[PDB]
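Undergrad: The residues making up each chain are set out below.
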Amino acid sequence: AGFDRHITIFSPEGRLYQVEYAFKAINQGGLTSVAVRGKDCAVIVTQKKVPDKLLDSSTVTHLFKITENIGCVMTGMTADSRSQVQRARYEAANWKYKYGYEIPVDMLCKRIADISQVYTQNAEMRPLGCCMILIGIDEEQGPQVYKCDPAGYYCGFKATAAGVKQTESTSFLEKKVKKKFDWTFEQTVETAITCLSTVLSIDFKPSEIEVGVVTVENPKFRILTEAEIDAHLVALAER
Amino acid sequence: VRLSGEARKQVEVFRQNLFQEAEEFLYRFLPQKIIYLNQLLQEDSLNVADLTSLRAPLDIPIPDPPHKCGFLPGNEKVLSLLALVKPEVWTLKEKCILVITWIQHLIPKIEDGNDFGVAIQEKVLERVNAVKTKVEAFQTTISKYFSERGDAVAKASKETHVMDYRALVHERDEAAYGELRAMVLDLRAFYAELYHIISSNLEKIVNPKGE
Amino acid sequence: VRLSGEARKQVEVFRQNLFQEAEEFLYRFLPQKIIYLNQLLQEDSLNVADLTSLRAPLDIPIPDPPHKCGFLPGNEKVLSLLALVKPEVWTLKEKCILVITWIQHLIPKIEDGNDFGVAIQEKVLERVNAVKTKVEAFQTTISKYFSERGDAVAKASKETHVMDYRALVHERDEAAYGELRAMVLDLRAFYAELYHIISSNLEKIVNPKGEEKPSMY
Amino acid sequence: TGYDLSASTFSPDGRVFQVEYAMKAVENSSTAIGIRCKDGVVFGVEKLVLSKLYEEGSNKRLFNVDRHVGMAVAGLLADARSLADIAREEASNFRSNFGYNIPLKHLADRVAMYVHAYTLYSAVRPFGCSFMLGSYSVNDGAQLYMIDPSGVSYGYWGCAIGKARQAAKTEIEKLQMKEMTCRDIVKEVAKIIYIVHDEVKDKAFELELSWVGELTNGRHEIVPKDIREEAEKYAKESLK
Amino acid sequence: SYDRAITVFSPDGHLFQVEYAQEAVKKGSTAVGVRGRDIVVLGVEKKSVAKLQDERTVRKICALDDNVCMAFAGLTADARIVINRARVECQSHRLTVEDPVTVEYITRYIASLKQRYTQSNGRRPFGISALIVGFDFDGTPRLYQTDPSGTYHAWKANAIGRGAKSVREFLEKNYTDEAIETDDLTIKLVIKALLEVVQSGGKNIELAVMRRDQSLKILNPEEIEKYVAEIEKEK
Amino acid sequence: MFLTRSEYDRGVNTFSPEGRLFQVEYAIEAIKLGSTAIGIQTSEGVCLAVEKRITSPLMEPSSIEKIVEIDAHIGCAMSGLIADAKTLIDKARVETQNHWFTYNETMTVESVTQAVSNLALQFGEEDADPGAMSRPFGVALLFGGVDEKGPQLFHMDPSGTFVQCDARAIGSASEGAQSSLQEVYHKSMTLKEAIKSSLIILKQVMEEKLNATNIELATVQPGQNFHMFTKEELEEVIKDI
Amino acid sequence: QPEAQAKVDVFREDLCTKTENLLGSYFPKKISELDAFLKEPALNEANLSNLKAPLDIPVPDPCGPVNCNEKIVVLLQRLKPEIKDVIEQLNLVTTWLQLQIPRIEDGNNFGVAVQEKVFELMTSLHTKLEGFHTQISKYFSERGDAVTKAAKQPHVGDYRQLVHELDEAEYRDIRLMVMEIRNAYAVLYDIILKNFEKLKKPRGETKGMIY
Amino acid sequence: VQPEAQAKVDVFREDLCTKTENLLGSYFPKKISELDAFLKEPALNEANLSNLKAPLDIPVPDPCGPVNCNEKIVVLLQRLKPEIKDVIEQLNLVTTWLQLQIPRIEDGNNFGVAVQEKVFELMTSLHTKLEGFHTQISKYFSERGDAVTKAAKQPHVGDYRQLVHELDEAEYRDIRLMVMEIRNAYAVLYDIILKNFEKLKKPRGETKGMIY
Amino acid sequence: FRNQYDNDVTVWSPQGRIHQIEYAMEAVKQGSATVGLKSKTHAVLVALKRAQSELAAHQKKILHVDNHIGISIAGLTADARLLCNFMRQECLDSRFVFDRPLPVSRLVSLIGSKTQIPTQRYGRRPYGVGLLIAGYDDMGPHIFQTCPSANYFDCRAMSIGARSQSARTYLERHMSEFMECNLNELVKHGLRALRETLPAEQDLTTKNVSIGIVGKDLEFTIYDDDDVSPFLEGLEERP
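In order, the protein sequence lines correspond to chains A, B, C, D, E, F, G, H and I. So the mapping is simple: full-length UniProt numbering equals the position in the first sequence, first residue as 1, plus 6. Just so we're aligned: the second sequence equals residues 7 to 72, 89 to 233 in full-length UniProt numbering. Just so we're aligned: the third sequence equals residues 7 to 72, 89 to 239 in full-length UniProt numbering. So the mapping is simple: full-length UniProt numbering equals the position in the fourth sequence, first residue as 1, plus 5. So the mapping is simple: full-length UniProt numbering equals the position in the fifth sequence, first residue as 1, plus 1. Number 235 in full-length UniProt numbering belongs to position 235 of the sixth sequence; there are no gaps in the numbering. Just so we're aligned: the seventh sequence equals residues 7 to 67, 100 to 249 in full-length UniProt numbering. Just so we're aligned: the eighth sequence equals residues 6 to 67, 100 to 249 in full-length UniProt numbering. So the mapping is simple: full-length UniProt numbering equals the position in the ninth sequence, first residue as 1, plus 1.
No lab work stands behind these hints, which were simulated from the structure alone. Be a bit skeptical, because a hint or two may be false.
[As the list claims (entries may be wrong)] Below, in silico cross-link-like pairs of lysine to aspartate or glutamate (DMTMM-like), each with a Cα-Cα straight-line distance of 20 Å or less:
#1 C:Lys235 <-> I:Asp155
#2 C:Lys108 <-> C:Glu144
#3 G:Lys24 <-> B:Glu215
[As the list claims (entries may be wrong)] Here are some chain B residues the structure puts well away from chain A; computed CB gaps all over 10 Å:
#4 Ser10
#5 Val17
#6 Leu46
#7 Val54
#8 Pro71
#9 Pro72
#10 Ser102
#11 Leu104
#12 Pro130
#13 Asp134
#14 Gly135
#15 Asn136
#16 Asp137
#17 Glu170
#18 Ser179
#19 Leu224
Where is the CB? At the ideal position from N, CA and C, for every residue including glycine.
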């Protein structure tokens, strides 16, 4: 063949197989992340797996804060994830400097995604093998959830997942939105945790998951403590 | 192509039966065959230490130096070993055919890229075809034993003066015993290698082009 | 793997025997064989000019135009030259076997780098294996000579009327002498070629990976 | 398969194999370990003596990347020295601009991003070094970080790199570093290195140790030779 | 193996792409040059009119300056570029040193340009060889030749392009001090040499002369017809 | 038994196994295509000679310039690619004149040879300048000049390595011409004897019979400057032989 | 079902124990034994006139029992167990190596390549050894045919010479075969010992924390 | 050890070098001359093969006497066989010479080795053809004997008569082409070696060195 | 096969080895041998020079960088000349800026960085030359070696080039006495050490030996063919 092995060249069917391989690179990590939106809150959950006891559990995280009121969860290569996180933080601060107001979540996602496009069009560099999911509150639009992928697609979502169990998780979430009644903050967090736990079969403990939330009442992105996570987990088991 | 309802049903039942049989062979029949071949190897008849013991009695009159030949039977020992091994040989050939067609049905539509899965599938079916040709060679040798021993015995009876034909008949029996024991061993090895390859590469074999 | 002391001693004995035998072969046996073979070639037995002289009388009773055959001997000249050449063939085969074992024991543990010496080693192995196949073909021809002359003489005696079977018998003997001279000079050539390749490439063959280098690590 | 030739490429199954091949580089290296305790961080390296000719205190794998941080490396020494120059430049720039000693987490992040730059582009190979960084500051505390050739960075209570990583990691695991103090940790680091050293394959080693902590007033420094000799004698005694 | 890049040497040290460009020169139309005592004559064959084409657009012979002219055999576009570059260099040299260019200076410049394109990959050699004629300050006639490789050599008389071997053998035979004695004899010599390799005489040769202190003159087709008639009659 | 894979010879900046860097070696093979040149260093001076290898009679003999003048004190003889030879000769000339400009003195033959050698080294492309030929210079030079140390003859090769040599031959018949040099040469010989011996060797190696046209000869002596033997002087010596 | 994997893993552990025992004890012992046997005076004979065996056919101016060459059959009788042994051990190490081949992947295919190199050597050895098996039967059959030809045509003497030549060729081939079997054990031991780490663990875990 | 062993092999090598040089100088040209002379002779080139037809004395149906070989073909074959033996011997000599001249393996600068490889391929092809001729002679004798025996066993079958005649004619034209091929083999071998002698003799070339 | 992974420096091998760097390290073996050894008061460099022919002069194997530093080369003379120019300019810059002799350790660090840059990038080859650097500074006498790989070592003594293992073993068995030696004893030891590398037929001469000495009172001086005769005369004979 040879139509793979370079991002620039098109297949005879015009598919650009290299970026599709970058999509597989996300699943190679073996972790899953889920994001679900609510009427007044947006949450991100992801597996936290510590391979060795010696590792400091505090340092390992896939949840990062792009700015005070935006948070992200990265899935894929850890290094590419950290690099994209840094680029996102730079883009947000530069937006604030130039335009005088906090970057919208959609525009941040668009900037990061079009950067991913310049990666998937120029020859020498490779697409970053990571996926981003951004959550924030916009005053006009309420909560928001968005996802960047290695291709440059940046579509917004009511709820999403990324990682190895993405298809199972989106099947689960699709059923839940179809039986739409609402999602308050507690139900939002419960839906996220139930989705992740059901698709993985994990039956989590508080250490195994890390959750981050935004709410219209408290717009700042915060990563909940193990105690708060256990509080939500116990509520799930009780009912 | 327009697909009749009955035609769709026929193709679906074939595919279903094939995949069911593949799972059954891999997980139930194959280990049972491995343990069977293990115990067959452990049997005393198949681990005879002294090959001169199975040297058959060939009764043809030594010519007096300067009358007629009675019935000369075949070696019961090697015949019994053949009775044991030959079913296993043909059984492995059949199951090899099953695995080959199962893999071929799992091969997806041809596309330009993401072809590493089909490459893995092609590698596995290449090994399976190699196992099948070795098995067919065992069948050829099993067929050859009778004709070769008959030629040798007939030549010895026709030419009683030459003793080397009698020595040859005894050698044919010994070589047959060795070959049959090797056949049992490598049948077990082929079964195990098929399990190893398929189990190791099952994810790509069943799902080559990613999702 | 757990190795007994007796096992280690046995393996060491095989290794030292192989290595000293290879040294002895290359440096003592091979030149001695070259001088012996060129003396054989210079000898008149292998230097016959008129090959019709080699023809041996084939006593078959020619039929009258319109008795049992005696003992028909083989061509003594050819048989003597066969007696000379055949041990040389077998010895060259044996020494090729020794050389392949020597080199195969010399090749290093497999590694990604420093592969050029290993390439030289395996290339030399391939060439000596080719020489081995050639001498195997030679001994096959040696057997073919006896079988072919025998069936030719039998057919000539059975069909006494056809002369061309007798001509074939003489032709087989003549071709045999020619092929056997070719065989012995080829044997000398094979010995010299073995020495040339091994001597010229000896440093890489003996020490493929080379001297230890300062660590990058 | 041409997928493994370059780092720009992806495998069809989503793997960048050049980076993994570079990760295999460090395993060629002799082991090095760093352990973090309450007082500070201790580093240790098993520096194999390739020849008697080489001077002692040469081929140092323990570098000082700033006054308050030290670096221990495994993998290609050339790439490691270059990475140390990069880290020193980053620390100096941080001091010059922001006016104070660089936080270790930030320094690890910057050098990790510099490393991660190389995995992307086709023109340039990934680094062949994996290195540990450690510092003590009264504000931040004891911190130990390890950077792989990929640019992944994490904080480790105890860490090992090189050939004997796994064995060193189990030995470190059975230690309870959090309660302990540095002057004991040097002895246990010596014990672990002497354990993991293979006398048959590796002819000899000279233990190279360093630490940073309150006992230094937050300066990474090479161990005083008396303490080195005490730890080495203890390690030889425990080895039996 | 070793013929795909200009930079790479071959075993035995042959640079083969420049040889291929020298071969490309052989495809081109013939050109011939001869040094008379007071004339330098430059003759070039004409491929064909095609009967719907304007001859003025296609001219192999060109004047770099008042005192220098060239003819080329090889890639026509490359020849046009090289001619323009040499012309601007001529005027620049006059600008810089307040003197007219010498023939060896301009052939050195053209050779240096061709050499510059050979040395570096990412650029292909100019697929031309040229015949540069001029009169120096002393008034001596000068004829030089250049090739894609970038070597230049003076020639008493020479040819380039297709049939160069045959016509130069003829010229080695014919050329002598006697032939150069007369300007008409020089013109007739070059005309006979081109006649050695050309389909038809008058129609398919374009010829020009430079005199001691006169500009280039492309001889009229009637004048060429008269000269070939004189050549034809003498035989 | 033939192993001809090479697969590393193509492309400079590739160390082949055993680390031989074969492009430079092929460039060193390239000068054997060139005409033979010969140099002898003596106390009375250094002489240089070369065979012109005239292709056709119509070509002007003077135009072939395989011996040239870097300056009055130093001359050069070259064998190999005429074009890159011209480049290196230009470098030598400009460096000599730069030295005169800056220090008001004449360069030594060793310093001039080092100056051109530095340019030859740049095929490695360590410098970022675009205007440096990627290929090595496919020419060998013989630098002969009288300096503060007296007559000196330096040899330069495509690698850029340079050495003093009492007598050297470059080009096609350098093998064999060097053996003849080794037997004939003795340090005490005068320049007349050196001229005669070098012309003997050139006559031996040259395919065509030696004539004043097909050779170029030069000498630089301590009192004199670089001098080329004219047609008449060449006629006298080639008659004397 | 993991019971099949359990059975195949038990089989693989058994093969690993067996091949380790082989490399440790059996291969050195057989190397020493075969070296002693080739050093034995029996197959080192200075003059083959002793090897020559009688032919009872009468010369012309119905033949008696023409016995086989006692020396050659004795040497063959002790030879053929060695060939059978080395072939069996080769098959065992071959199946052990086959079960150690890892999952197919497009990277980290070193160690796998090491396994392929060991495999090609083992394949060459297997072909040579089964060639020896074939050659013994060829000797018996060819000598019998030559003796029959001589008896049918006593006037022909070239058949007499053919029988004697087959005998001496077989003796020399037995000597070379013993050398081959010793060398096969030795080189197999050397290769396996040198590369055992990669052969046992071709790939390892290179994933780490890239992803 | 054994610099004396290297000396002995070097003596053999020098003998092969001087022998192949003398061979190329004298033997190959004169053999080309001799073989074209043999082609020009009327015995090898005949207008009609009816002349070549030799008597088959079998009696036709409405025990045979000695049926002799085709004397013309036999005489021409006796002329041919020395040439085959000679050319095979000289080819073996030059092949051994080229094999000895193969240099030490080097990772690069193997073009000189490649020339030797191509010339060696040509020599190998020639060797195969010549061996084929030597076998073809015995094939002719065996086939003619088989056909004569079949005719005698079945006199009614005339096609065996035509078969013996056809085999004789085929062998005559075959030996004509064979003599042509011996001549051409000598000529082409000479041409290859003479054209490529410099590289064959000295493949690596002088190690100019001085890079180190 | 594995012909791949050898083409360029920028390609890692499946077992973590950059083969082009190793192929460059082979280059030092090609050159003529060199030996360096030090005492408490002196550092010495000694070399075996090679000549293209009898008429040609022997090549220059020892080069002076500064009064306090000088080098000896094994491997490509081109790379040697380039690196020597770089080192000379660095020392000149140090003297101009700080008016102090450059520390030899710092100079070899600079050499290591400059040499390392080719190995990692596509383009320029690794410097296929091995240098022995010897100098006296305030800390004391020093000897370093630099490989074509940018790694460098500090040595009591070292030998680089063809057949240098013999010199290394001689040096190792005689090393203890070197430290207290006189300069004459030390140069004699080094001369015997390089004599080990020579062929048995060849012997040390005035022509093929060059000696380089630097010390507290002695600036770097290369003792040439005539000047090595005092040091050579002491040596007895081949064993």
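Undergrad: If a hint holds in the structure, say so; if it does not, say that too.
TA: Verification of the hints:
no.: 1; hint: C:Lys235 <-> I:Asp155; result: holds, 16 Å
no.: 2; hint: C:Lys108 <-> C:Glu144; result: violated, 29 Å
no.: 3; hint: G:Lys24 <-> B:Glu215; result: holds, 17 Å
no.: 4; hint: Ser10; result: holds, 31 Å
no.: 5; hint: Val17; result: holds, 27 Å
no.: 6; hint: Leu46; result: holds, 42 Å
no.: 7; hint: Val54; result: holds, 54 Å
no.: 8; hint: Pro71; result: holds, 78 Å
no.: 9; hint: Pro72; result: holds, 78 Å
no.: 10; hint: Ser102; result: holds, 53 Å
no.: 11; hint: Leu104; result: holds, 49 Å
no.: 12; hint: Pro130; result: holds, 14 Å
no.: 13; hint: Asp134; result: violated, 4 Å
no.: 14; hint: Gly135; result: violated, 4 Å
no.: 15; hint: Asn136; result: violated, 6 Å
no.: 16; hint: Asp137; result: violated, 6 Å
no.: 17; hint: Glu170; result: holds, 50 Å
no.: 18; hint: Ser179; result: holds, 65 Å
no.: 19; hint: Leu224; result: holds, 17 Å
Violated hints, listed in ascending order, are 2, 13, 14, 15 and 16; each of the other numbered hints is respected by the structure.
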